[PDB]
Amino acid sequence: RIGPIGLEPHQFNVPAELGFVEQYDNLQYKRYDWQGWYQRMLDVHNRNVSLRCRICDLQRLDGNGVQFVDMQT
Amino acid sequence: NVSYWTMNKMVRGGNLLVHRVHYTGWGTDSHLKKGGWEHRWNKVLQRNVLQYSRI
Amino acid sequence: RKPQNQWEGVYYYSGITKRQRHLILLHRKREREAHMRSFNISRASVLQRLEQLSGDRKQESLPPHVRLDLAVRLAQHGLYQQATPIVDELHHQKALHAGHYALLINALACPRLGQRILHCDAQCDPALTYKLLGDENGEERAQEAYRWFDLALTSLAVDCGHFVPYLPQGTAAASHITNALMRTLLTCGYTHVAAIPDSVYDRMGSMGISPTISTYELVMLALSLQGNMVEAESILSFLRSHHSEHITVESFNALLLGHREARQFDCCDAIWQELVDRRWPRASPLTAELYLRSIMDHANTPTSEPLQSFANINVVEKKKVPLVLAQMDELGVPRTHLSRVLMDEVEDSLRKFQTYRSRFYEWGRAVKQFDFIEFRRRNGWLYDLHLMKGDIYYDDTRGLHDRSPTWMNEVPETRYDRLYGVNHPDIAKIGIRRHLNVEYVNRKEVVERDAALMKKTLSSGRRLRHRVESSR
Amino acid sequence: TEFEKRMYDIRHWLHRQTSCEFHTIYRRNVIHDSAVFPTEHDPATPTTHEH
Amino acid sequence: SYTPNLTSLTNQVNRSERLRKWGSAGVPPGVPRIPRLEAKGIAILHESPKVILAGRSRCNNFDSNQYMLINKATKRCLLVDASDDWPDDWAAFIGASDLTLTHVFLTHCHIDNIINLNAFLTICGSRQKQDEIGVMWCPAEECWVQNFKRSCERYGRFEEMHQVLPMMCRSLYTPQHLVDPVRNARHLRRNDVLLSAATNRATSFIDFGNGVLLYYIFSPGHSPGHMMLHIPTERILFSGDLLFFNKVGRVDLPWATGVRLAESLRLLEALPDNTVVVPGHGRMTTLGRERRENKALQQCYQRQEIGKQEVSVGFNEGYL
Amino acid sequence: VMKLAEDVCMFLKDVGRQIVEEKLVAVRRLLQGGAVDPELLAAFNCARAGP
Amino acid sequence: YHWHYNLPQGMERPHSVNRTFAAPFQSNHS
RNA sequence: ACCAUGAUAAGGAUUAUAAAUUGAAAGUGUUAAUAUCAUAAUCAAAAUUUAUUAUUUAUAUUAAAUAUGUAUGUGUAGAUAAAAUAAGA
Ligand SMILES: [Zn+2]
Ligand SMILES: [Zn+2]
Numbered sequence: 657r658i659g660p661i662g663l664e665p666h667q668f669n670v671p672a673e674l675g676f677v678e679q680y681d682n683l684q685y686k687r688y689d690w691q692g693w694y695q696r697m698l699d700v701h702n703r704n705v706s707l708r709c710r711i712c713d714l715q716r717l718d719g720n721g722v723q724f725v726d727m728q729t
Numbered sequence: 112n113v114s115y116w117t118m119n120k121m122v123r124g125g126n127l128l129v130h131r132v133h134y135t136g137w138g139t140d141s142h143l144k145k146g147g148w149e150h151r152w153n154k155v156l157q158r159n160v161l162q163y164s165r166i
Numbered sequence: 024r025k026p027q028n029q030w031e032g033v034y035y036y037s038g039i040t041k042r043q044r045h046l047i048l049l050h051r052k053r054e055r056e057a058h059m060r061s062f063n064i065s066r067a068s069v070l071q072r073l074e075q076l077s078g079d080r081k082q083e084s085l086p087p088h089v090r091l092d093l094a095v096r097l098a099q100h101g102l103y104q105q106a107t108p109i110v111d112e113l114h115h116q117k118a119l120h121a122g123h124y125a126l127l128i129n130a131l132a133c134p135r136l137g138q139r140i141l142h143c144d145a146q147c148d149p150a151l152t153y154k155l156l157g158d159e160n161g162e163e164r165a166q167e168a169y170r171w172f173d174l175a176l177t178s179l180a181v182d183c184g191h192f193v194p195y196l197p198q199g200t201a202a203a204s205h206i207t208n209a210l211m212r213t214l215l216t217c218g219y220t221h222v223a224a225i226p227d228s229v230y231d232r233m234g235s236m237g238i239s240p241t242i243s244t245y246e247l248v249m250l251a252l253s254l255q256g257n258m259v260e261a262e263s264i265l266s267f268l269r270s271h272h273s274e275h276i277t278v279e280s281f282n283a284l285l286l287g288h289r290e291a292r293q294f295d296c297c298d299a300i301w302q303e304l305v306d307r308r309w310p311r312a313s314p315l316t317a318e319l320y321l322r323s324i325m326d327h328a329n330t331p332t333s334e335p336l337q338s339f340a341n342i343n344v345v346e347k348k349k350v351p352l353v354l355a356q357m358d359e360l361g362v363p364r365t366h367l368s369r370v371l372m373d374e375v376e377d378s379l380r381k382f383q384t385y386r387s388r389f390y391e392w393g394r395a396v397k398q399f400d401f402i403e404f405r406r407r408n409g410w411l412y413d414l415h416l417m418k479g480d481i482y483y484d485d486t487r488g489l490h491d492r493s494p495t496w497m498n499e500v501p502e503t504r505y506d507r508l509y510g511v512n513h514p515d516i517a518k519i520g521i522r523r524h525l526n527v528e529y530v531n532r533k534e535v536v537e538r539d540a541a542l543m544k545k546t547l548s549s550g551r552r553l554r555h556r557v558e559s560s561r
Numbered sequence: 410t411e412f413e414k415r416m417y418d419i420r421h422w423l424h425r426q427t428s429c430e431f432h433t434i435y436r437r438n439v440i441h442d443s444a445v446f447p448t449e450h451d452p453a454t455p456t457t458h459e460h
Numbered sequence: 010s011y012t013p014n015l016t017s018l019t020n021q022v023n024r025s026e027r028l029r030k031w032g033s034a035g036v037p038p039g040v041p042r043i044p045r046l047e048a049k050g051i052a053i054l055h056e057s058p059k060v061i062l063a064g065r066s067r068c069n070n071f072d073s074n075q076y077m078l079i080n081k082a083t084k085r086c087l088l089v090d091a092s093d094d095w096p097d098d099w100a101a102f103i104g105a106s107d108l109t110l111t112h113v114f115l116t117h118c119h120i121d122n123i124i125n126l127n128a129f130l131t132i133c134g135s136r137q138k139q158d159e160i161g162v163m164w165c166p167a168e169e170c171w172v173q174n175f176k177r178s179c180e181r182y183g184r185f186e187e188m189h190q191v192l193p194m195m196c197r198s199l200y201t202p203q204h205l206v207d208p209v216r217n218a219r220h221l222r223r224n225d226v227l228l229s230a231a232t233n234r235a236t237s238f239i240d241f242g243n244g245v246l247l248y249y250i251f252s253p254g255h256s257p258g259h260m261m262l263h264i265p266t267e268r269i270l271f272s273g274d275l276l277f278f279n280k281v282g283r284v285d286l287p288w289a290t291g292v293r294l295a296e297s298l299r300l301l302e303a304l305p306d307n308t309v310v311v312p313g314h315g316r317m318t319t320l321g322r323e324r325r326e327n328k329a330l331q332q333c334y335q336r337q338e339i340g341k342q343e344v345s346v347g348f349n350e351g352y353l
Numbered sequence: 257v258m259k260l261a262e263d264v265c266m267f268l269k270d271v272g273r274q275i276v277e278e279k280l281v282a283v284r285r286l287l288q289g290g291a292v293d294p295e296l297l298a299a300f301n302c303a304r305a306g307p
Numbered sequence: 028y029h030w031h032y033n034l035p036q037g038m039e040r041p042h043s044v045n046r047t048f049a050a051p052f053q054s055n056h057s
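Residue numbers (the authors' numbering), protein chains in the order written: chain A, 657 to 729; chain B, 112 to 166; chain C, 24 to 184, 191 to 418, 479 to 561; chain D, 410 to 460; chain E, 10 to 139, 158 to 209, 216 to 353; chain F, 257 to 307; chain G, 28 to 57.
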């Protein structure tokens, strides 16, 4: 699992999901002078990345011993 | 993005790939048969924009 | 329009010029001269140091540590014959001790001659350095390594003069010299590296000397050079079961080297993926060198069951090289700590299989595609390989027609249009009208035009029929 | 990444007039730095709708 | 067109002339088959108490014509230059009219005439199963039946390439095969007529039945063997490619002589003006109209009057 | 798309079995025995107050 | 002339053009 | 550009010997009239955009009038869920 890991007590580790779309053409826009703007048009249209995290994974203990997310949090 | 005269000659020429439906039906997409052109007009909005929780 | 080929790859530049390959070969010969020049300068310095302390100190007896310092420096530079009269008088004067004997046998493996053999002769292959060190007096240095081992154990019995019937075989000095013996015997020929897991290891067991982790790693490296992998993995399996705290990197370096010699490239992948998974012990640059060289030996290996009908299949194994180099960035292994012979083949795989996002937006332009065609047209004789010349498991009696209503669902428009006059006696069965059976876009309009043409033809034919026989 | 490399290279031997797109949902560790993003009390003069 | 030898591949103007004619493609688009759309029906052109002429105009994308003579008494039909992109209407027309297809007349063996000849004999030969159809042609066209496969490569007719022509098969004028004694649908074609170039008004005719005679006239210049059809009782002249409306045939093709074409135009000056000339291409005319308002015939006799010994007339832009 | 989905799935079955198997041979060596990473040991002893 | 839709849409033959021809990088810009 | 296209109307026949099924419905032939501009030497109608006392059909505005006498269409349209004054000479 990639991502940075914090060992200091002021840094909490949140295991989260990232969903993204990568799309490349292979039929007509695979290679020609139109491939430059069409591949960029596919990347801008697929610019979405979904950052998902469970609230159950946020209910862990912090570096100071207190819970990260309590009921009121 | 052509006119009605150009669309028939592409059909009669065989260039594009289109499936013919009976001219009094609504095709095969269930969203078009349900509410018409306006219901499919809202379904593309639900796919492009409204399925994303914007930040 | 004529269709373009979708299984034809994009034309991109993956190669070097003839000047650049000549300049790589010219620059690599200069540093091979530089390592040859660096060794012979220091070899002449220790030989001048030897003749100075033999000539001007002819009658003046030297202190034993100066003669010990010169004896290890002679043995490191491959001069074992100039050092054996020095160690014979130091053993006779009883000036050598437990650490001094292990220093001399470790010096007898020559870790200065092996540095010249690595950069110049072995082409920076760490497996080939053991194969080439065995020629420069491999049997001769092995006999003196066995003689200095007998000089060591005789001195350890004097130095230990309770545990009295178990001395010096139970001390730390007995295994340290035995680990020094196996390290020196690895640099010898094939007859002595084969004797390390069989003859030296049973002699260590018969003498009752407790081994260490460096004992098993040199035995695993000895079985790696022989090509016996069923025994080399069994030793680490003994280490995985009993002594798992002390396993260092060199046991993995023996297994990466060993499957490279046995040409089992699927096994050496699993050892590298294991080392990325556990991340302890730390991956040395010798780990990245031994694994990447196993990729290049697998990539340059020809196959013989398709017999290369189209191209070389094993060249696709160089696509893993950008994956391994990305793993080295997170393991803390610097890619600048790779040898010059390997780094040219690593960058050979990089310009063949790697692209950036800025280049991927510009690599398919028609100017670069048509430059590839003309450069193949102008000079293709310089760069070409061809120009050189229900549930089925509980189903058995299937339930058919279970009254599933197809009339609640609506698929009413399944009308099909067949050609006119299939069973007509005047219309022939074979004809060019049979090609109308394969037509999908204008299926409705063609066959109704075909039926209108065939109805009017049979009407005009039968009205010509009635006119001719009524006139005669 | 050996499976991600093999999955991305299926585009080169697809069928006639048949394309594909790839979706990847992977787990990634995210750090919430409580020093760069601290939990502070609200200010004395709070913000309004005019901000 | 021709075989790509070494000097044609190393010539720059071969790569340049293919850029001028066809643009950036460089390959000439062929002459395709007419589909089942944009196709007309078989028309009855002439009805007479002796014979019946039924025809179809523009049956190919070469703009060729397909005709058939129907004898009223013998119920025997005869195709002239059998080249239709759909020889399925012609099989249904003879099947619904109680006709018997006995011979196929061919004026000349260009690709505008014998492109669907194997399709004509197969489809019409299959209907008579529930005596085969003959081919009447001139042996001077032997050079054009060898290059029938070359003509199909240039005009994109790849489906009719690998088809042995029925006139190339062993007829009665050929030596026979000596087959092993342990199959004559393709081994021997007994119904085959080879027309001679010595065509006269006395004996060079085909007895069509009930007293009408089809006098074939040898008239080269557009092709090595060009046999017209003349029906003097009905004032009908199947000129083929020799004479069209206000134009004559091409000479810019191989084995086409301009001075042979001018002699072919002079051998029809004894026929009356009401002889309705029926060409292989385009609209039909009369021979009296072409004697007045055709510039190719006007130039042919003007050079003859001023003293040209070798009068050379002929087109370079027109029909094949 | 149905016949391609039989072509890609059989490809990803034989490839996906191979990559899991070379991962399965790495877990069974890690379960037989190994030494703990001191960077991993310092990660557990990182917080000030524990549970 | 074309490929029909009921035929199996397999790849007819693979093309290895970039591994038979190793081209060096040639740009008109410096 | 004067080709031999194609549209209109009209008459014919075959099958139901079952009360089951959501559902007893589908295929094949002849005559009259109308009509036929593609192997040739060009160019901006409404290719085509915009505006002024003026030409229409539509758009909505739009009214008086009991002294007598008085004012009937063809069509245009939307989805489609009643039926016997004419002679099978
Ligand atoms: Zn001709
Ligand atoms: Zn012709």
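Keep in mind that a hint or two might mislead.
Here are the simulated DSSO-like cross-link-like pairs (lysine-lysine), alpha carbons at most 27 Å apart as the crow flies [claimed, not checked]:
| id | chain 1 | residue 1 | chain 2 | residue 2 |
| --- | --- | --- | --- | --- |
| 1 | C | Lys25 | E | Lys81 |
| 2 | C | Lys347 | F | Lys279 |
| 3 | C | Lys348 | D | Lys414 |
| 4 | C | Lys41 | C | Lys533 |
| 5 | C | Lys518 | C | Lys52 |
| 6 | F | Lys269 | C | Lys81 |
| 7 | C | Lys25 | E | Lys176 |
| 8 | E | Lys84 | E | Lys176 |
| 9 | C | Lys518 | E | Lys30 |
| 10 | C | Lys518 | C | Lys41 |
| 11 | C | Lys544 | E | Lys176 |
| 12 | F | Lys269 | F | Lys279 |
| 13 | C | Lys518 | C | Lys533 |
| 14 | C | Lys533 | E | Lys49 |
No lab work stands behind these hints: they were computed from the structure.
Status of each hint after checking the structure:
1. C:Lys25 with E:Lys81: violated, 51 Å
2. C:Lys347 with F:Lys279: holds, 21 Å
3. C:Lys348 with D:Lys414: holds, 9 Å
4. C:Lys41 with C:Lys533: This hinted pair is violated, its Cα atoms lying about 63 Å apart.
5. C:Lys518 with C:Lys52: Measuring from Cα to Cα gives roughly 80 Å; hence the hint is violated.
6. F:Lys269 with C:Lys81: violated, 79 Å
7. C:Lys25 with E:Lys176: holds, 23 Å
8. E:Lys84 with E:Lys176: violated, 35 Å
9. C:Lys518 with E:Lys30: violated, 42 Å
10. C:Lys518 with C:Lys41: Distance of about 66 Å is beyond 27 Å: violated.
11. C:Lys544 with E:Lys176: With Cα atoms ~35 Å apart, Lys544 (chain C) and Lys176 (chain E) exceed 27 Å; violated.
12. F:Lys269 with F:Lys279: Holds, at roughly 15 Å.
13. C:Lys518 with C:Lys533: With Cα atoms ~21 Å apart, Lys518 (chain C) and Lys533 (chain C) stay inside 27 Å; holds.
14. C:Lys533 with E:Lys49: Given pair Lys533 (chain C), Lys49 (chain E) holds - Cα atoms ~18 Å apart, limit 27 Å.
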